[PDB]
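Peer 1: Given next are the chains, with one letter for each unit.
Number of protein chains: 2
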Amino acid sequence: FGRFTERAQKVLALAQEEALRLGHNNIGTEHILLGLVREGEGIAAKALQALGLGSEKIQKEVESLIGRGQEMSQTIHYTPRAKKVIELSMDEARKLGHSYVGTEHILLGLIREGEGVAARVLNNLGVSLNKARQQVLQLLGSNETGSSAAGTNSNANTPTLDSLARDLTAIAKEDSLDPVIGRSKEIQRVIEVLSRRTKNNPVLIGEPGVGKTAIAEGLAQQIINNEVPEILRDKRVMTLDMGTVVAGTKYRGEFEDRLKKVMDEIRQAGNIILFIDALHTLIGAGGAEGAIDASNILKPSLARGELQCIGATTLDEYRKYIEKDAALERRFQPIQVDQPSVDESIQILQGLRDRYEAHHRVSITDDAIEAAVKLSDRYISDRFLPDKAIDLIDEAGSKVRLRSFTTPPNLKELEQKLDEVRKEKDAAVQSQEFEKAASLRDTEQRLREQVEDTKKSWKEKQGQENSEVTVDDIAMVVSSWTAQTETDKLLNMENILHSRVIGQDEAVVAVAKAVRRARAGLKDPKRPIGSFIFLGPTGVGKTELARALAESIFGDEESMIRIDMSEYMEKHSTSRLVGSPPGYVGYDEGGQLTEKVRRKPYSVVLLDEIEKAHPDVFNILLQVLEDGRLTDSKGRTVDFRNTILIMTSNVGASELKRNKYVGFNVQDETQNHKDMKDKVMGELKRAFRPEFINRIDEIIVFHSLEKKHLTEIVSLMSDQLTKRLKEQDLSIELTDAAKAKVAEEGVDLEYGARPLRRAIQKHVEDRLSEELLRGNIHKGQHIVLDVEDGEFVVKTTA
Amino acid sequence: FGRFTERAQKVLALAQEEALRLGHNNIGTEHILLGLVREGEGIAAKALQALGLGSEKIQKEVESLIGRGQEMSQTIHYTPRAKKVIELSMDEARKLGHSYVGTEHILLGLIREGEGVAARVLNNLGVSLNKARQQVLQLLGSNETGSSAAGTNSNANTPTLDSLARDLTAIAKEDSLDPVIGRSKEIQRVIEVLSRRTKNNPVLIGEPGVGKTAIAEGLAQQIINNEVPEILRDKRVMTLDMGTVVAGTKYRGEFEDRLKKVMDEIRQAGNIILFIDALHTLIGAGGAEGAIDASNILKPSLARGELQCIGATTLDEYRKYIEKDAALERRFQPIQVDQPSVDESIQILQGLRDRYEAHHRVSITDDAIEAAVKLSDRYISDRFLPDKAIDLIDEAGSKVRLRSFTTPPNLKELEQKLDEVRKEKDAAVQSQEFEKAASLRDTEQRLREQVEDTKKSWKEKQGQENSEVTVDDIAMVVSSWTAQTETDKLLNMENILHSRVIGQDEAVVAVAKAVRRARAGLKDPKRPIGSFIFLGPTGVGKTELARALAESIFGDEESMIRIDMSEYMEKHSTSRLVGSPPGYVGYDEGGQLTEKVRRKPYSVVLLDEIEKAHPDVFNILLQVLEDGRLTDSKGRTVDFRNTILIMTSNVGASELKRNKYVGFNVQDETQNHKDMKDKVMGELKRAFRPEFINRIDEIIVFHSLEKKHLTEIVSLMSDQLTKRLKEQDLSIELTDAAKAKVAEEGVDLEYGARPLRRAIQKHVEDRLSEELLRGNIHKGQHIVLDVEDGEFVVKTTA
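Protein sequences, first through last, are from chains A and B.
The first sequence maps to residues 3 to 484, 492 to 807 in full-length UniProt numbering.
The second sequence maps to residues 3 to 484, 492 to 807 in full-length UniProt numbering.
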């Protein structure tokens with residue numbers, strides 16, 4: 003394990019001491035027991051001293067069970083009995099929440115292993131084994147502090163507090179207080195809104211997702227002394243805990259009955275504070291599938307102030323309360339809880355370190371915690387600023403902890419061997435062939451010590467991680483799903506985007522710089538990390554950059570939404586997607602676009618071919634580009650604050666699909682180039698209204714379909730083929746030469762660049778399969794596809 | 003606390019005196035105990051006197067504790083123990099109602115403090131700790147208020163009043179029933195309509211939400227004493243509560259059975275009055291899901307005149323029940339319950355001043371109450387004109403009480419210091435470094451008393467508040483939502506509307522004066538408190554004033570609806586803007602327009618382009634402006650009663666969106682102006698149909714792009730950028746000079762003033778992120794964006 007208390011460790015070594023002192027050169031449980039009592043009067047030792055066992059009494063018994071002498075100090079270590087007692091003790095401290103293991107637990111574990119020599123020692127010296135395990139437990143368990151005693155009060159409190167529930171005020175007078183770090187400025191604003199008797203109900207709106215609950219412990223403190231008014235003193239804060247309500251309930255009627263009981267006791271009115279977390283569920287308002295309607299009792303209660311309560315709500319929730327104005331608006335009144343500022347994130351992260359140090363990585367590295375924050379606003383980008391954060395931390399706060407125990411130095415070969423020994427040995431004795439197992443046995447246990455010696459030399463991988471979450475690591479984990494390898498991803502985004510988009514350097518650099526500015530963790534998420542228009546017609550490199558943006562920008566290929574503007578005109582998907590004349594935009598705003606981005610807020614959102622849609626759609630979208638939010642889909646709020654908005658457009662097609670070739674000269678090629686590098690940048694404005702486009706962070710231009718583009722199309726198709734074949738376990742690569750023979754059947758002037766897929770099928774798929782079937786090449790072998798002197802040739806390598 | 007009775011206080015001071023008299027210059031609880039009994043025969047004192055203890059007996063133990071000497075004082079104050087006894091008594095009086103703590107509670111609090119100097123004195127002088135708390139409980143005094151009674155009897159009346167649900171008359175025969183302030187004129191209207199034995203059912207219709215419930219106590223008082231019909235003499239008034247019915251029930255079948263029992267009990271018939279609040283739920287008729295249908299039993303009960311009852315329903319509720327008929331018709335007959343208005347408001351406030359003087363804030367300030375009302379009407383706006391009001395007083399009626407208990411004068415620094423002391427001291431002794439903690443220890447308590455002395459200088463913040471809710475406070479609290494900084498918001502409304510609409514003063518003053526006059530409670534509170542038409546082009550000042558109106562009239566810009574009337578005739582979009590529009594005028598009345606304002610009555614409702622709308626829509630808008638309410642959309646009533654209805658126009662647009670050119674003059678922007686401050690007053694007649702438009706309270710005038718508005722548009726856009734960045738905690742400001750560098754890229758003759766957003770991104774957004782990235786500027790540093798040499802310049806400021 004690692005991380006134990008003194009008393010424990012001390013009890014353990016004393017066994018070995020007695021090993022030799024009593025002649026039992028192997029420390030069985032008799033010596034562990036002895037160890038407990040030989041630590042004198044520690045919790046183990048002391049326990050044994052209660053039941054009637056001196057250090058003396060044990061070692062003599064111990065000595066009477068393996069005899070004396072048989073010593074020579076022949077490698078006096080534990081044996082498996084003694085090892086069992088230890089395995090148990092660790093859990094006997096885990097049980098008590100200890101991330102350490104002390105004396106008590108060692109006797110507790112000893113008892114657990116209540117057969118073997120220890121067991122016989124205690125049962126011979128007039129001590130019942132469980133009487134001993136009792137005794138240790140009831141002295142001390144886990145080590146902790148923060149406690150106080152003396153004091154009682156109140157009578158009226160009786161009916162309420164039984165039910166349902168713990169009283170927040172209590173635990174902070176018990177010296178079990180936790181701050182909890184908010185979101186401090188929120189707490190002050192509650193008491194104006196609370197110590198009323200007319201609209202006395204606060205309602206906190208933020209995100210889930212801010213750690214709302216942090217603000218709440220604030221209240222506790224102020225409710226005691228003295229901020230709340232003079233005869234509004236003697237306030238108590240009772241939380242209406244959902245967990246207690248569901249407990250003992252198994253029906254809708256029963257759930258209502260529990261709420262009724264709370265309401266009946268609520269007669270403590272106007273001087274009682276009820277805390278309702280996630281307020282919406284009880285009101286049941288809004289939606290097409292509302293929640294249980296507590297609202298009938300709650301509405302007059304809220305208005306009366308008998309239910310003088312505090313509501314904890316989020317981004318979306320509020321709409322469904324102001325709709326039932328005013329008795330949840332003659333009660334309600336709002337106060338601002340953050341869309342978390344970066345700094346608030348950091349302190350939460352730091353706070354939860356020691357328990358990811360139970361996953362034993364984090365605590366630390368500092369920059370890496372910071373990485374969780376800084377990286378989260380732009381890179382994942384999938385929740386709210388602290389939820390995101392902590393995930394980056396702990397993922398990496400385990401990732402390396404996984405990398406930890408993979409090998410000894412490289413002495414993984416030792417373990418492999420030690421296995422092989424057993425086999426030889428075993429089967430040889432199974433014939434017997436006594437000594438024909440023997441030397442193999444001897445070789446085995448030799449091996450074993452080497453194995454274990456260099457695997458606990460890979461305690462260096464513990465000291466590596468067991469306080470470190472790595473900079474690069476936190477970032478790496480953020481890159482993995484969807492500091493260093495996110496900020497290297499950020500800084501070098503352009504480098505990453507160039508390796509997957511061939512041509513359209515114009516486009517790449519434009520996205521790169523706009524995203525990288527935002528993406529440096531220096532732009533608030535409340536607008537896409539990049540808004541963009543991706544110009545050129547379909548087939549010019551637009552989408553491919555969006556994809557490449559997911560890889561570079563997000564650190565993995567994952568997360569890309571994609572919405573068609575052409576459907577929001579009912580004439581390109583009015584009969585390819587279900588609906589009628591009064592549909593299509595209602596599907597997009599009302600459902601598709603907003604729902605999709607709620608799943609991954611990260612996503613490169615591609616609202617394609619924006620010319621086709623009328624400009625009116627663009628106004629709706631415009632709110633996405635500016636605000637970073639839309640509220641649609643039954644009042645849900647979708648964070649496009651983390652998205653990259655990419656609007657593609659119907660731009661310039663004729664040149665921007667024109668190929669090089671010789672049209673008049675060998676300078677018709679260099680006139681497809683210069684011409685395409687002109688044609689995007691004037692065609693863009695014609696493909697849309699300006700109102701959409703200005704709220705876009707750089708206007709990305711993608712140019713033509715050169716000749717030159719043909720051999721780039723072959724290299725897009727062949728790579729998609731060979732990769733879907735990788736799941737089989739085929740490792741394939743195409744040389745440029747092999748893409749050339751494929752081009753031989755697709756330099757058609759009359760059928761374009763379409764035949765290339767078919768010719769890839771013929772020359773790659775079909776050819777690889779015709780080489781695998783013959784056993785010329787194999788799966789797992791790396792397969793190079795080349796053309797030799799004009800004819801394609803398939804070669805194999807490792 | 004703030005309130006205690008003599009006996010309590012007397013017990014307390016006597017403790018200190020006896021402390022030192024016996025040689026204890028620290029007043030232990032041992033002296034508090036002594037104190038209790040040294041106050042002779044008060045309930046604490048008496049209690050101890052029962053158990054066999056005199057003040058003498060206590061002091062003897064006390065002298066056997068510290069004893070002589072310690073009569074040299076210590077500036078004798080309490081012990082931490084003694085401070086505990088006081089905190090406990092407070093709760094020991096709360097639990098017995100009392101928030102004006104008496105003697106009993108002090109001995110009770112001693113018991114509570116069941117370990118300590120007292121505790122052991124009392125447990126040493128041979129009396130149980132609990133025998134003492136008993137004795138105090140079993141005699142009360144200073145927990146009552148004086149009421150009447152001298153005997154109790156009943157007859158046939160027994161089964162009914164038991165059940166379910168208590169009678170107003172009983173508590174008013176003890177003469178402890180409240181008036182209530184009301185809604186007094188409402189009570190009168192009942193007595194023809196109720197003292198029938200036929201259609202004897204009054205049915206109160208108002209806002210809920212106005213204090214309808216006030217009227218009910220009205221009846222109680224007048225049916226008892228003393229001049230009323232012989233009809234209403236020989237009657238009983240019984241209140242029926244929904245809460246009791248639901249209690250002990252969790253199914254519909256059980257609820258009906260209980261209701262059957264009630265119906266049987268109506269056998270007090272033709273002389274019994276049943277009060278049913280929220281009457282509608284029981285009849286169960288109408289709706290899309292109705293409610294539980296008591297009506298089968300209840301309907302003949304009303305017809306027979308056995309059930310003579312009082313119905314409490316709201317604006318909207320009634321229609322689908324008189325729709326049932328005709329014993330419903332021969333039951334009900336209507337009476338007017340207060341529709342929210344300013345004069346009525348004030349009277350409620352004043353009435354509940356003294357009762358929110360439980361908050362030692364409000365009662366009063368007079369100006370503050372009036373303000374609460376007047377301010378509420380304009381600044382949220384959402385609720386009802388008197389509910390809003392009382393909430394501000396009580397809101398504020400804690401708000402300054404918060405500012406109370408957080409001051410030392412500026413000696414907040416003391417507390418900070420006193421902490422630091424402990425640290426030094428503590429850590430030093432932990433090394434020990436005994437006297438190296440000592441002097442630090444001594445320095446601590448020097449500080450401490452000084453600290454505490456200046457924390458109790460903030461009894462001056464009590465003397466501020468304990469009957470004065472602060473005028474300014476009410477305003478602050480309304481500003482918290484959305492007199493002084495709301496009536497300065499009101500008075501200076503014009504100034505406030507002017508500051509966000511630059512130019513177009515013509516418009517500003519027109520809106521300003523009409524609302525600012527009106528909202529002082531001097532214009533109809535059942536019609537939009539300003540109606541306006543906003544003419545101009547599309548945009549340019551129109552909407553922007555509506556926003557500025559929200560701020561000035563309502564307190565923040567977040568008080569602005571905005572609905573397009575052209576959708577309520579729709580013939581443009583159906584799949585690119587809005588989902589399912591057909592039915593169109595029906596869509597607005599029947600649903601959408603009304604629903605939106607029903608969400609927020611706290612809004613400048615801006616109904617755009619009623620000019621380009623079906624003629625029915627203008628009629629619909631006309632109802633909003635006249636009635637102030639519309640009842641549609643499931644028979645719900647939408648209060649436009651504290652909205653500002655603003656109907657927009659843009660049929661003169663071209664001149665009103667014209668731009669300056671030279672031609673012959675550089676006074677061409679100021680000749681684009683002169684044309685436009687004319688062009689609106691001609692766009693009115695051309696736009697609309699007359700029947701609607703004339704209800705408008707002023708014709709609001711706007712302008713164009715000119716040369717001149719353009720450079721004002723750059724300053725609107727740059728502010729949208731910097732503000733969404735504030736959320737992360739970037740403090741940004743642009744000087745005019747940086748907005749100038751941006752303008753450099755968007756004063757095109759042929760690409761509009763649309764490029765300005767994009768160029769704001771390049772020169773502001775992009776620039777801030779590229780200045781944060783190199784560490785020149787920072788979050789929470791105020792960041793000035795300038796030009797100072799014809800090129801951009803980065804400054805830092807606090």
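A few of these clues could be false.
Remember, identical chains collapse to one label, so a pair may be satisfied in a single copy or spanning two.
[Claimed, not checked] In silico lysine to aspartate or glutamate, DMTMM-like type, Cα no more than 20 Å apart, as pairs:
no., residue 1, residue 2
1, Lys461, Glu229
2, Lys401, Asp369
3, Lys716, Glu176
4, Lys97, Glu267
Read the hints as simulated data drawn from the structure, not as lab findings.
Peer 1: For each hint, tell me whether it holds in the structure or not.
Peer 2: So, going through the hints one by one against the coordinates:
1. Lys461 to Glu229: between (50 Å within a copy, 13 Å between copies)
2. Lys401 to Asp369: within (17 Å within a copy, 41 Å between copies)
3. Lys716 to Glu176: neither (78 Å within a copy, 70 Å between copies)
4. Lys97 to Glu267: So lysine 97 and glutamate 267 pass the 20 Å test across copies only (14 Å; inside, 36 Å).
Checked against the numbered hints above, the structure violates only hint 3.
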